[PDB]
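Novice: Please model the entire structure based on the sequences and the hints provided.
This is what each chain is made of:
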Amino acid sequence: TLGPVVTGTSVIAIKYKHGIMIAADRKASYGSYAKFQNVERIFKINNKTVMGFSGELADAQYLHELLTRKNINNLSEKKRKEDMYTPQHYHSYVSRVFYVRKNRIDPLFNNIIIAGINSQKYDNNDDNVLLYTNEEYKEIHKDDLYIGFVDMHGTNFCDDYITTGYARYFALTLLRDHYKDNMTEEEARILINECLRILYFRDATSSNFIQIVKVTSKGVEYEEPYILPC
Amino acid sequence: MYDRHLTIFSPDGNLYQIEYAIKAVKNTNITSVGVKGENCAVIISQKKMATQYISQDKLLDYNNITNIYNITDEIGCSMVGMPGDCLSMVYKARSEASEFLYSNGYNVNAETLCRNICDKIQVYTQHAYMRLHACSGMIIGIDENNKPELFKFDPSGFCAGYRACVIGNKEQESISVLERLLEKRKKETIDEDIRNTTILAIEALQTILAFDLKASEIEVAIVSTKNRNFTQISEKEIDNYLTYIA
Amino acid sequence: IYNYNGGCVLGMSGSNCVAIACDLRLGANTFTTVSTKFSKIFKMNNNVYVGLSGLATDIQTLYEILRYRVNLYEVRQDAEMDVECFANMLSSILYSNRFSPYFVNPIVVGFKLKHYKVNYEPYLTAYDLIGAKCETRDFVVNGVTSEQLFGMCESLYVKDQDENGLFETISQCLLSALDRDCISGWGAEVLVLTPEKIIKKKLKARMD
Amino acid sequence: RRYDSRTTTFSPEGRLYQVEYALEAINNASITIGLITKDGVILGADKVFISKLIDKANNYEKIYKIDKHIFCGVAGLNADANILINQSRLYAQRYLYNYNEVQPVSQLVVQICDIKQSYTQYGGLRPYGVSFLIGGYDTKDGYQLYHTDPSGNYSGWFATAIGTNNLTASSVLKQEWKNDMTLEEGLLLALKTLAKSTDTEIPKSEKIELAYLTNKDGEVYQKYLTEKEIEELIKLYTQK
Amino acid sequence: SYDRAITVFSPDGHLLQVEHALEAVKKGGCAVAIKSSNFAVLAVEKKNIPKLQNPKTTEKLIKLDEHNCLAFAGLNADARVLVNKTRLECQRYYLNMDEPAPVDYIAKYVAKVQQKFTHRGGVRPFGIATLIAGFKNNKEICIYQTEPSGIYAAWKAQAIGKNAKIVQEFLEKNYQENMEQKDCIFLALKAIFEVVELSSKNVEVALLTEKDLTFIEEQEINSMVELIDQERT
Amino acid sequence: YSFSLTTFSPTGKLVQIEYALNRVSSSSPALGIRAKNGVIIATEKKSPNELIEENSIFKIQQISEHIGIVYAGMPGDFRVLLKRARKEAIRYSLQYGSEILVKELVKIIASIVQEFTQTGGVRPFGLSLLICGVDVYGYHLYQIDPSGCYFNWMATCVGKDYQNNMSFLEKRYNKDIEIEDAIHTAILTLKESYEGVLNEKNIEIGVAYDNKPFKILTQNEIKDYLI
Amino acid sequence: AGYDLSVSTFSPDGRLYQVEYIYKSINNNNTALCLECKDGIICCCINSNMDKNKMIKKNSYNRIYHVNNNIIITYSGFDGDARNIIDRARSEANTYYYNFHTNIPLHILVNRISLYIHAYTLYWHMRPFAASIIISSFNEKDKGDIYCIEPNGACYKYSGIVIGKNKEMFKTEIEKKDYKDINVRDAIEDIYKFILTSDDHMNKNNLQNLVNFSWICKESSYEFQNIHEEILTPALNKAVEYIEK
Amino acid sequence: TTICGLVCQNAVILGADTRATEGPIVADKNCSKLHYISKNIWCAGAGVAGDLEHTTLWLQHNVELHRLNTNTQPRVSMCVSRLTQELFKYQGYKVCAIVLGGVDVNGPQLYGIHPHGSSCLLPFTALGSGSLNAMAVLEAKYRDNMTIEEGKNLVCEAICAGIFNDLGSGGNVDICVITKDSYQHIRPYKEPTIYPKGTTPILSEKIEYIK
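Protein chains in written order, with the working numbering: chain A, 1 to 230; chain B, 1 to 246; chain C, 1 to 208; chain D, 1 to 240; chain E, 1 to 233; chain F, 1 to 227; chain G, 1 to 245; chain H, 1 to 211.
Take the hints with a grain of salt, since some may be wrong.
Stated by the list, open to error - Each computed EDC-like pair below joins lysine to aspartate or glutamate, with the alpha-carbon atoms no more than 20 Å apart: (1) H/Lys197 to C/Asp160; (2) H/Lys180 to B/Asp143; (3) E/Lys27 to D/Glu13; (4) A/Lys79 to G/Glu230; (5) G/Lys57 to A/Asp83; (6) G/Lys218 to A/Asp126; (7) D/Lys140 to D/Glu219; (8) C/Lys202 to C/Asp160; (9) E/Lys51 to D/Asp180; (10) F/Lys212 to H/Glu64.
No lab work stands behind these hints: they were computed from the structure.
Specialist: Now the structure itself:
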């Protein structure tokens, strides 16, 4: 609320065929100490939406309670799968929250990504939802996908690839050089690994113990964390 | 006209709402007895539903029914009256005990808690838009001098100490029973006197009610210096005590 | 801030006799005066007096607040008010604006009644700008010229004393103190209360 | 709604029915007298006898002082009196705080009648069942005496009497009062009208109470007569 | 009660509290007002106990502002309260406009306040009828009337209080335009004494000009009551 | 919704306050005596069943070091009045740094009782306090009523048969009475009033011996006095 | 004699008639039954009074709601008062999770809801709630925990309860056998037969467009799920076939 | 200013100097830092003396009210809780560090209060400008389970060591002994030119006899 203390590094989000891919290093640095090297920095609101994080951890946690409990209220007044809120809804909600906190001058020292799938014609997961506990992938049109961004100042937009932190110079350059449309999972993961390798080799606050999450027709898939090949 | 509908004095100087709430507490026909000895204090009540339109059905977990609650680890209580009023009264007692610990840094005394609840009951009596809480009750505990204590309050807001007391119907007839057993006791180990007090409480409830008192249908709790915490006794141990009385 | 309207007050005790004194200056922009009658002493009760030194507006505002509280107390109780009660109430009023306070360093001077006949015990005390009370039992001084007065009184105080000698002592102490302060002076008044009477006198000071 | 008392609500005739019952409560109370004299203003009264064990010393229950220059006599309920006495003292010292001079009596009685009028009009609270005989001195108008009531009405009076048997007392005041008169003559006339109102030939010293306010020596002060002074006054009354 | 409607529409469509305030007004003492050219005359009755009551303390006829004046009939305490309110509003207008308050604005504000207390909960109507006299912003004399209902209108002459209909009937057949000051005082004293006992002590008459309000002395009033007493007999 | 339940009837008389005095007249009596060198407050408590202990219930309390109080009426009213009176004495001592005067406390509690008579949505207090104390200006004894009006007494009684107790106490009382004789007259007055038999734990006494703290007598001292 | 006009007034016999009138209104309203089983709990609601309304959609009117997707909450009474109480339950669960980051225990939630309902039966100005509420959940370790809050403000734990119209005959069929050992899937037969028997307003055609269902059992991974028609209609057909014979 | 406290055999002894300063000068030569909370709790502190006086009077009278309501012996931990809440609510700007001592049902226990609202029970402590000089000799000579006379002598060792050393402390030495029953307050514990008549000139005089 007054300044950053415990900081995360950066996240990368890209859309491809069958869904989107979002990645983040599991580390939160206490300045120049690196106290925590196993932190969950990618969160889930519901199926077909996730929340990114690069900044102060307390604000991300507060926004995580707000967003996940907004999803709880959505489920508690749900009757059909189409009544589930889209990533546009949550992205606008975070944008309004950041704008209001800016006007009050009590900001959140974070740079959020909201991304997922803004359509329901591809899977029947949301008709009978499963919060606690939990085929072939179905190709998803890029128009039905969505990736968004929220700045400290509330600035927002949408694009096929969005990154935060120091990845907005390194990884954004690699994506603008190399990002195609409808790349398979292997090519996307190779590109993400190359960008995170370049970040690890030239960013103190980053690391190699990477978390990777996917948002597809099957739903949100928290894969096993892996150390980068380097 | 409207002299007794609200908390108002009638021409004879009698707030009739007070006795109406008291007899409403009596109409629940749940009895609850308390008694103290040396370094112990026992409280007993019946494990039944109050008297109203709903009756005890077969698919009713009778263990969940209880007229004995607790405010704090060291303090317990037995509220008798309307169910919602009793639940509100224990919640208010929990509030006063917890803010007393916060403000003053040490756990509350049961006498002070009884005076505070009596003051809230006074606030209900004084004002008209406050309906009376039809919930009398007992509070027990042990003070800083390591001696027992038992207090009672009514919907009139009259807090007073005791060493043996009864809530519910036949109280005037039941005062003779407690006096007789206390005089019998007056004519001891730290553990033996706990046993004597517990049999005295169960025998008092047996004599007041005049039937067998199946252990599943009652509930007993105690604070003493051996434990100092409000722990309610199990059914089999009560059955052993009842067989001793038999 | 106390250089703006510099002032000084003083009060001594004796044998069934008490004295209070003050300067009559009212300053503006430190080094130019505007009046030579602004008395810091205010009568408040038949045997209680108060000396307020500091900013003039705060002096006056505190005088009306205390006069309100005092006259309320005599009217309700229907009896004369004690020095200790006034001192405690003054300390409470000065503390009640602990933040953004009245820039005034007051004193209290009067008599203490011990009924049984009646005996008049002298009473003196002093305060900070918050109400830091401290009973003293002898000479009490407060203001910008406080140090000079502290220097004078110990050389010149003779324990219990006659009221005439008390007047000479307190007058010489105040005049020697005010001569050594540039922003305090311009005349003086000396009030010597006794149970029989009160003598109010003004001194031929270096008022120039 | 169903339990409302209908306090601030006009009659069919325009009387409100509540100030009227308050005035019947006033008329049953102990009598109080008022007189203006060249030397002062007097507020003699009659004690109601509760018991002989009441403290005769002090215990002035009818006459009260609002300030050194204002004092009044109660003619109704004592609690409603005393709360308004406290409000009056607060208003007096508030005016002295604001303006650094004593409040004129007209301003003060305007404030008490305004606050009494408020509960008569605003809200649903009962009015104050008390009527005062407020008197005092000021440089603007000198010795004055007024008559307040629960309605918030006030009026100046050179001499008046209120409470039970106020008709007989006012008749005696109309018969005996003079424009220019001494303090002793006013006190004797106060005993005379108190005795006439009380249906007694000779007033009892324990049953009455007197006070006066004079601007003597350029410093106004109030005196409250003790038992011995009232005994001397009754001796003079019997002699006269 | 606190914040609830006590005045309400009857089945016939009348706010019965307002008519009760009108009977409260009708029991109150009479008052008369006249205007002509560049001045006005205000008359109110008076009732005092001889040898006991102080006539100076009565404030039936008053001054609100440099130019505005007011007379009333009804409950005097409510009149004093509304008078203090109007004086406060006069000085509030003079601080936010830097011109003295005209009579039309004050009459409208008095009507607004009386309608406000008639149309809000927790307050009964002001049981008084006032009539305000003062100079308009264009230096034109106009006297306004005001009822407890919030009705107001401008009149050349009108009366209130006990037997106001009879006095108003008398003024209809005797009023003239641009009369002298003595003529206006004579007409007002005749009109008030149609329904009031004939004596100098039972009235308090005054005359308003741009300079200030001036109360007529007792000697002129004694001559006037003697003259009309001769005229009647 | 806030409106005065208490209101003037025809002829006034404040019928709720009259019912409060009726409550006081039926409640257990209390009394107090002012002596030359002390003041007493005393009251009888009802003949208790053996389960009650008198060491919990107390009709005699102390507000300050020198000030006592006794009542006759509703106990919860007395409890809240006692707590608020303690707060009044405490705030006065915080301001002026001294033990509170009896007159100021009596005036404030009388004003509070009047506020509860006047305030909407409430009813009057159904008791009659009897405050005694010592200060600079000698000894005092006062009596609060439900009306919110205070009376200065030298000896008084409250409750059932209060007229007869007043007459008996008037028969046996002197202005220069010693404190022990005042205690004896209190015992005899309550003995005549009870119409029964008395002992320790049936009566309670409070007293202020000269310029010393207000004292509540134990059952041993009362048993000594009864002999 | 005037004692039944306000909820804040006790009768001369010490009894609040104004709550009894609410109870009588609840008893005449549409009925709801909620019982437990081995696999989980199934809970039903019978909307018999809307048989006259023929234009309502099929199974749109659903009185069964939930909180946290693991606690069934339903009612039998006024829809609006019930919905206000549901929203208060959501609010209390929200406050608990914001404070503590854990789902609220059900036994605390019923207590807070009972205090909220009880808090409106002690003012003349506030109207007491006309709704009797059933809250229930299920987990594999601690088994089902069915409660019922009432207008009086009384919460008692049940292993099965029915409220509203025809409740005496419904319970008379529920104590016909012990349902702790009967599975959740095959209890639908029994419930369909009981609603046909007790209620004298429903027939074969009304059975698939008025009555609601849901369960919280192992098949839904112990989370809320309105029942799909392919499970209802076999048991519905078998139940009406049994009743026809 | 120098303050100290000590825990002894079933008792507590407090100690403080008797001097107050208004800058580099001394106003009162025989001040009283020790203050009475209850019959078995006393205090003394250093800082702004107005804050100390008001907070101590507030604590004293609040403890008196709490005793009267509860009718139980006052406790030191309660006083610590009220003081810590009072100083924490007002952001620590009320600079008044207090040495609290008393003898409750749980035996003697001394407490040390700080400006920001923190507290810590200690067997001995000292506060003020001359704290270090006193509390050095305290820890040099402190032992567990002393006699009362040894405690008083050590308290004059501390406070008389600080008087001789520190410039901001001086005058007499105060001692107060707190016990489960009764207390003692030894205020002076250790204690280590006429002009002729008409000399001054005047120009006005007005005698007003008093009624």
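Novice: Each hint needs a verdict: does it hold in this structure or not?
Specialist: These are the hints, each one checked on the structure:
1. H/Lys197 to C/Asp160: Measuring from Cα to Cα gives roughly 16 Å; hence the hint holds.
2. H/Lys180 to B/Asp143: holds (18 Å)
3. E/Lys27 to D/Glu13: Since the Cα atoms of E/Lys27 and D/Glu13 sit roughly 9 Å apart, the hinted pair holds (cutoff 20 Å).
4. A/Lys79 to G/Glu230: Holds, because 18 Å separates the two Cα atoms, which is no more than 20 Å.
5. G/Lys57 to A/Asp83: The given pair, whose Cα atoms are some 19 Å apart, holds under the 20 Å limit.
6. G/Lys218 to A/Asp126: holds (19 Å)
7. D/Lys140 to D/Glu219: holds (16 Å)
8. C/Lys202 to C/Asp160: violated (23 Å)
9. E/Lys51 to D/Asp180: holds (12 Å)
10. F/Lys212 to H/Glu64: This hinted pair holds, its Cα atoms lying about 18 Å apart.
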